[PDB]
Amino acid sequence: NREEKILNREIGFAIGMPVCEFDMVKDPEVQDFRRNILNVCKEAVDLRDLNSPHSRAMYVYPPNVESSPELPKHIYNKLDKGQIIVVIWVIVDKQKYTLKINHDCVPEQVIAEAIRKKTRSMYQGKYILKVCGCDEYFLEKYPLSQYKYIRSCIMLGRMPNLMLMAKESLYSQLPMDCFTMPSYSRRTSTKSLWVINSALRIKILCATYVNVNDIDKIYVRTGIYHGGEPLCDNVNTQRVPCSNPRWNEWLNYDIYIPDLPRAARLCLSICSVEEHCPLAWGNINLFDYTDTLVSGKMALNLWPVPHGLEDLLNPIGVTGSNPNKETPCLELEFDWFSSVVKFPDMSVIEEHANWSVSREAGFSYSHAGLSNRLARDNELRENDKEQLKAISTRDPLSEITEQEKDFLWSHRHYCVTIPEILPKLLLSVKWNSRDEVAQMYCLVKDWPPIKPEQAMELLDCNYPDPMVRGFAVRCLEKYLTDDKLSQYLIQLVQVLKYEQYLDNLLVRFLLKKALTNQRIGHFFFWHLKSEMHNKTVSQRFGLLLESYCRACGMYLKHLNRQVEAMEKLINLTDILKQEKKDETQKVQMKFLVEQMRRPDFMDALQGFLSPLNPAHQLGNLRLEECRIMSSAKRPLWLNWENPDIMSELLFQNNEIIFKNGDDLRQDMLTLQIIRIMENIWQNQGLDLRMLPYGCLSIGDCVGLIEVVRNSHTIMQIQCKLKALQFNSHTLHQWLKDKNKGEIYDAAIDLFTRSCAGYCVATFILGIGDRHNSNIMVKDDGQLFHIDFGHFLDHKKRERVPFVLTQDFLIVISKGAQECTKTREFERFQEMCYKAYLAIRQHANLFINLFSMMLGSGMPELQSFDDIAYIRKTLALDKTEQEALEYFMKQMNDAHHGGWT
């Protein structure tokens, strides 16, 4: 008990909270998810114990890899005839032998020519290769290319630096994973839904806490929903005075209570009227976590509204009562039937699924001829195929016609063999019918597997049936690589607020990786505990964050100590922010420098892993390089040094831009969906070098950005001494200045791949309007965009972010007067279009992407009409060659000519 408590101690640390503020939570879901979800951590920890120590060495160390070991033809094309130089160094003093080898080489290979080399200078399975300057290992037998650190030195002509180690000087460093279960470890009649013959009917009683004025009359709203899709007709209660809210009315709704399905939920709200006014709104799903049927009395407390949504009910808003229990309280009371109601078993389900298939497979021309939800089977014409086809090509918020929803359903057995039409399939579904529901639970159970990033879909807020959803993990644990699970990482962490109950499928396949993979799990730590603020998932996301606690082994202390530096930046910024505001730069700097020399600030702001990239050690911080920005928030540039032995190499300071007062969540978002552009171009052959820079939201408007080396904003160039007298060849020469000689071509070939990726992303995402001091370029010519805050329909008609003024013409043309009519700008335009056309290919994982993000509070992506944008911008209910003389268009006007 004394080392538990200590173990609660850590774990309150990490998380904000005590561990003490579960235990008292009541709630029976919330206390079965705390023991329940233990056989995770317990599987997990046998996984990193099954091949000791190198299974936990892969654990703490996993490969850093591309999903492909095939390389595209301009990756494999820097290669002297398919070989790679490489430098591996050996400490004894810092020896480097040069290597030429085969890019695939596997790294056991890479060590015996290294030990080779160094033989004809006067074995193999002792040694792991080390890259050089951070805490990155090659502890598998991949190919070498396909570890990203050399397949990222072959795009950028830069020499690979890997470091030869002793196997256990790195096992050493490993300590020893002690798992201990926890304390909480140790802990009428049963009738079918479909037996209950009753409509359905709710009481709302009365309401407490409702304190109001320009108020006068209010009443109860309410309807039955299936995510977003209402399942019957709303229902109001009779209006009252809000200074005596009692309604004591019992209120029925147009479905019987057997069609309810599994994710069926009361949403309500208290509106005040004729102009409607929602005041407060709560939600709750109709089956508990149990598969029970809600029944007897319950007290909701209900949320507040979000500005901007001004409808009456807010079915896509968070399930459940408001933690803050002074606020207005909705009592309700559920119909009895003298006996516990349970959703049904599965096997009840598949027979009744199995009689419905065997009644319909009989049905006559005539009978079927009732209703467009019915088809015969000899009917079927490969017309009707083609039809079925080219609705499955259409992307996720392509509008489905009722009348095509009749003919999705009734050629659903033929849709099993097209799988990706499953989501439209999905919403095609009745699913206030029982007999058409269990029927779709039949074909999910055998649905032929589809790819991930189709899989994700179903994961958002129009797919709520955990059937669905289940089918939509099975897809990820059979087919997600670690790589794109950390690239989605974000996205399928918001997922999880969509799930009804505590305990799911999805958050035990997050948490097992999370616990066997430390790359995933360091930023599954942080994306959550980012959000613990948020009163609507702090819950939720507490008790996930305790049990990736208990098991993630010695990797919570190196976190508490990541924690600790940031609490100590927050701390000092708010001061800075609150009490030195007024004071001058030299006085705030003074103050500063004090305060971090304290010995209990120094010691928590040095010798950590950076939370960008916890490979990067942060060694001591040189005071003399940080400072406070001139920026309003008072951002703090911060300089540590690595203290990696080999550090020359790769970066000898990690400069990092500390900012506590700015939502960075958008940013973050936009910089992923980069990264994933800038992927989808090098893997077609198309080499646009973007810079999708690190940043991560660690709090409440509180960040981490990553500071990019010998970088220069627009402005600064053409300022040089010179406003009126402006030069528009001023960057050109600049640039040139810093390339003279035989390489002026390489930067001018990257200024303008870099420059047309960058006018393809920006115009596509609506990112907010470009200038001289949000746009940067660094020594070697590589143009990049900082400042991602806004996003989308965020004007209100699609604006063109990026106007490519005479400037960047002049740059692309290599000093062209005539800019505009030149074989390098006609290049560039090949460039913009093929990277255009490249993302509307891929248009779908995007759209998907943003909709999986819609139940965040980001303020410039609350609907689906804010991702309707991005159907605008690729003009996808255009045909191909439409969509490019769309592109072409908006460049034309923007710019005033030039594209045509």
The other form holds:
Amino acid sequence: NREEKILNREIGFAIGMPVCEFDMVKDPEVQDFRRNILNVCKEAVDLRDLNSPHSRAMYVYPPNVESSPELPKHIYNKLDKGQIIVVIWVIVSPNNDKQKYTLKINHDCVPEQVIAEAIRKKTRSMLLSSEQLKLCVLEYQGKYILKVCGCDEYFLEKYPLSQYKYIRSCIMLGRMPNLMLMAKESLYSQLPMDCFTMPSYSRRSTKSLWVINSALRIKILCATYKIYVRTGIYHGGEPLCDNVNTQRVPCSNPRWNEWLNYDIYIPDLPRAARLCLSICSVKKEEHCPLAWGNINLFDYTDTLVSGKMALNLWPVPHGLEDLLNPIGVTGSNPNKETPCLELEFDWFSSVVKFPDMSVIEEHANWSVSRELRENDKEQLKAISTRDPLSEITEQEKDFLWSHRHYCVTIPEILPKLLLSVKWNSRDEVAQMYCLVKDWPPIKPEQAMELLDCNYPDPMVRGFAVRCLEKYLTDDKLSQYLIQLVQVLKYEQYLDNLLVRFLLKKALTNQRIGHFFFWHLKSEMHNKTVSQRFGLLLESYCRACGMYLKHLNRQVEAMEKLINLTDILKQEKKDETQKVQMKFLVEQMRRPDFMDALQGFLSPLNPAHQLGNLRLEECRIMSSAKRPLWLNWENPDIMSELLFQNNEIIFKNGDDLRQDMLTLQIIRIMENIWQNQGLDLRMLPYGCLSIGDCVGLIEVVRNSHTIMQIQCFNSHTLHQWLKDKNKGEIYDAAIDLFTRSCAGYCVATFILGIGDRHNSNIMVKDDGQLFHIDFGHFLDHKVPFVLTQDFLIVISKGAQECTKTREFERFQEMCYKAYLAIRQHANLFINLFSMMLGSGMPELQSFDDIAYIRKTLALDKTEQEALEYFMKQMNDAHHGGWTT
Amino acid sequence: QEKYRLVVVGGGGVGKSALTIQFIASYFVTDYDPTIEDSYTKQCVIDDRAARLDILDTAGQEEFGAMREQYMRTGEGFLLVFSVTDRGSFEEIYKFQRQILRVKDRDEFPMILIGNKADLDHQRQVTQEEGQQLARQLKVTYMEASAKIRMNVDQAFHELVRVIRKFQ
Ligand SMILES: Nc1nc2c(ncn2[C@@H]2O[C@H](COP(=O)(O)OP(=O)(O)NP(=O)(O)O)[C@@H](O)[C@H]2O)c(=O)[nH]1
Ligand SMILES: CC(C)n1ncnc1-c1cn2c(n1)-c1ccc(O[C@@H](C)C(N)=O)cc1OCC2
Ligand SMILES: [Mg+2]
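Okay, that one was the form solved without the partner chain. Can I see the form solved in complex with the partner chain too?
First the chain shown before, then all remaining chains and molecules of the complex.
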């Protein structure tokens, strides 16, 4: 127990709360979670230690690669005859001397082949005696590795060189892939053998539900702290029976003693059956809720609830419509000071347990034992192509249910079929279980739709997880990690398949595990998810290995930035000339604060090392909440080839959760375009929300806003691109200005970002256009207006007529990009529905995500949706986008 | 310490690669590996002080000519080398001498005209008198060399670092 006294200390630092707050939890599910989840840790640490040196190095440095080795046609054409010019750097002298070795090689070469070519660049025709074969053949064996110059990424896996994002990005940008050569011992000697240290708490009638044959009856006894109680049985968001409420008793008399008789049959309660409670006040009609609570009818051991229970209710949000809140948390309030409603459930004089699959498939026979034309099958295909928010009429409900045995031909209609099942029927829930058991596999992006709030059934969610661990790559997983972490709240239990999946994968890929921690620590300021994420972060830190040491340095570093911004906002802040640069430079030069920001991995990117500070550029911005513009050094020995000033914006006041979702969709929109031929270079800079409202923003060097470029006012934007890109580079910089503009214009119209002005739009000296500060999206209370300065640059240099051949092709880029996103409308809408539980201001109800359906014209055909965009573009730009 | 980025420019197959590795590895090579851009470093004390010689073996395939405009901005010492057995390289040396002065916008710059493959006298097409002819024309110093016998290999790079100090 002496080693556990040391590990438990640093674990509580990263979580933000001591570990003892979980050992004193009387909940049996909490203790069983911490006990059984260690099986996921044991299976993970034993997977990281199969091979002695490489398995640990592969974990800490996973190959950041693309999802498919197949290169797009226009990306392959960027290569010289299908070959890439890579630069191999080798250190020879012990005094840190550099020697480059350029070589042309095929793009689809494994790292072992480029190493062997660098061997030829070091030998040529050298010395070899007939006893010196294995002396030099050992060079061609497993002896050397490869590393990106400037970053901490390693080419450890035998994937093609094009798959790696760094090499892939060098092909896009047209840059030299500089790779430093190392040996296996140079990297393996920095990773110890962490033996699995299990904690101290890792020690070693009952009839079925379908034999009860009674009516569900729940009694409310009393309460603490004219009103009544709204009680409802729900399965996610759909109700099973009519909302049964109690008598309207007066205030200050929290007594009822009424067995609420529900219309649901006890053997018909699904596995994910939930009870929804709320208190409404009566003062025409006067009905307004105040407090609400949610309890699942079955606990984590598949047993029916029985006996008395004390439920602590939750405060209603800012905007709640219905009296009862079905989208609850399935838990009691741990505030111990809010109104506590007491209940009493039915007894049955036995432990009623939900039946296993054996009885479910056995009773599935009793449903059939108790007693195809082509024009019909084409309609089911037209239903799967509709967005997940398209209202399925009742006539379409029975169409999919009467043809449930045919839907195996089109497995993409499964999310549509699940909404066509009366889950309040013990016969339909048994037949649907057998269909999901043998359902064909679907795409990982389509399986995520079955993990949101609309599909709370464990058999449905278990299918989606089995479609991820068999078809979801680590690239798309790190891409969709924010939405996958977000849907953990929709799980009604602590230990489940989705948690065991995201834990084992995060414990086997440290690049995934890094963002797996910060996306969970950023939710600790909310107690409704603190217990679930606290137990999950405890299990992660218990077996995350050596990275716990580096992870605690980032927490201490980030915490040293939150308090300073609080002292600069709550205190002082009176004068912004010397006071803005007095206390600011005094804390950054303080000894105890300097070492807090020295030699720790960047939270925005674990491969970036934030080394020495450069206080000469560190300042406080004059924007909202006065962010902190910070600057670091790159302690990499090859820092000359990559960036040298790691610049990060620390936004304290404003919430940075709206930016992450926008900066992520822009990356997803860019990948969809690059995979179809649209070379619209988007700039999705890094952004990570921390804690309550603080967060980090990745800064791009040599970037200036539209207002930053001026010399009175004039159209000097075209001159700035002329002055910085002379010769034949001007023709390429103007093209970069048009392709990035068409992307950042057709994307903001689909998102609906706030009114973009000259400070929202920034341009680089290279000529790339990109937007920033996505604080308001999907808003309604157009954003990218084609100003005069844009057409002066887009339409060559025509100072008068802007509608020329250059602008004529600008519309065609937007049309191909608009229709491309429309073809993937189901993917983006699913990404917004998985973020509804994040409590974002513009992501509260489905009326906001429906704004995507209208801006994409998902109710019209392909050509009719094209004229919609041309109409709205010609309306925003008065006479700009004529037919 | 003593920054000296030496650059070896010239045509194809004139001996830039054989002369470069002869200065460090001190072994003559016989393969024809078309160089693109390789870097070599060697600490020398033959000069009156120390020297951090950063040697760059450049390409001569004319397909990497876009890389010429790069190392001609960072290097402070060049070696216009050609093969006495190849008049094609001899009549293309001045093109390298014009691009260097055009990039830096200077009247002169430390560079030494090297005539390689001098051991192949039975196949020499550019005699010695034509070598010093281009020396006075380009206002540089002429020096024949031969990587096969290691003739004036150290003197070629050492006389280059002597013009850098006498430049100023
Ligand atoms: N006889 C002889 N051969 C030489 C001499 N120097 C170079 N060579 C030969 O010339 C050939 C090509 O020259 P190399 O060493 O590749 O020099 P380079 O000018 O850098 N070649 P490239 O520009 O094509 O990369 C090789 O066969 C090499 O052995 C020399 O002094 N004497
Ligand atoms: C308002 C703001 C703090 N903000 N809010 C939410 N996101 C941002 C945000 C996002 N970026 C930026 N700011 C940004 C700013 C300035 C900048 O260069 C400076 C030198 C300049 N004055 O030209 C480079 C930048 O590039 C990264 C992208
Ligand atoms: Mg060469």
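Rigid core (definition): largest C-alpha set, two forms, superposition within 1.5 Å. Residue numbers count along the first chain shown, from 1.
- In the overlay on the core between the two forms, a shift of 2 Å or more in CA position is seen for a single residue of 596, 671, 775, 556, which is 596.
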